[PDB]
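Just one chain is shown here, as structure tokens, and it is the form deposited without the ligand.
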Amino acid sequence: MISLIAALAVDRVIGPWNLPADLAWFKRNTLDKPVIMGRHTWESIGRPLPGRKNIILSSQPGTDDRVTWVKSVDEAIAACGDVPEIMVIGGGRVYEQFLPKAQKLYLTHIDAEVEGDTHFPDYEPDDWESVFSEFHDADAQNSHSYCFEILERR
């Protein structure tokens, strides 16, 4: 099953905030699963995320034997093997091209106004069912209130 995970400020902007809570949610959901990423998230991460196979969806070749470089969506998939779930962690372009094959979304809705270049693709309500939502306040550690939600494609 293909699943997307993303943190969204208002307007579903993905790109400011300091959310340790969002990061332990991200970790708990991708640990021990393949994670499909875009070349820029790669360069911004800079090294393999531990505990996951890293597969990079890029047009030019890789320069890193530590991960899997894939030229397309179907090769992404194929590179993953026989696992119950594949996590799409981002790009905007990546999320856009995987949406149509996704069955689950894991979103962090951060109450925060921002001016960014990228958006999460628009998913359609009559298409997903919200099976989970959990609301949190800003705190000693997390600068903004946030909510965790999971949607399954109905």
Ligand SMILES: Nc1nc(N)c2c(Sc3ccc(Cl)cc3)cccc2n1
Second form
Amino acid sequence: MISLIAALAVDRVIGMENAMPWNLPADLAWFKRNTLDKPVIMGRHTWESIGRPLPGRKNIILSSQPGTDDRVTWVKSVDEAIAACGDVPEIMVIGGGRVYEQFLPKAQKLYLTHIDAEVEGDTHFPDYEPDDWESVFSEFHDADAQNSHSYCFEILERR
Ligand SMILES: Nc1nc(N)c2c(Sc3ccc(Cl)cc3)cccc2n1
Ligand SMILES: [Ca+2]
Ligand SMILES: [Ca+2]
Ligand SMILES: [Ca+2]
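Any chance you could show the form deposited with the ligand bound after that form deposited without the ligand?
Let's see the whole complex now, leading with the same chain.
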């Protein structure tokens, strides 16, 4: 199945100038745990910001243009990105904004980190219909010495 995984601050803001503003190591550990040993699909902008492939995951990059790095799998359409994953139990869509938008209708699961942070952003997570999704997991955490914001990991499944 297709899943999207994203970290959302106030107003569904996901990014600004191709970087996540906030410092949330607990979200980095949640992201790693839910993505490890699964193919990851990302947009070209997200690919450039990471610099190196995510290890122990097949890295699929969405770009209209020819690929510029042989360490990753390059595709030119949503359907090509899915087909390049082959037969796997779950496909992780990691962003960014435009990629989330396109994969949302095809997705069965959403792994959302809701961050209680006011951030200026130029990129937002899609405006998903809440009636279409069922929250099956929801774990709130207060801010601590390592995480400067309170945050909630949520798992939603398409009804
Ligand atoms: N919970 C969560 N979700 C992601 N998708 C993460 C990523 S990669 C990424 C960032 C923004 C967007 Cl839109 C997509 C992927 C990196 C580091 C931590 C991340 N944490
Ligand atoms: Ca490995
Ligand atoms: Ca739909
Ligand atoms: Ca805060």
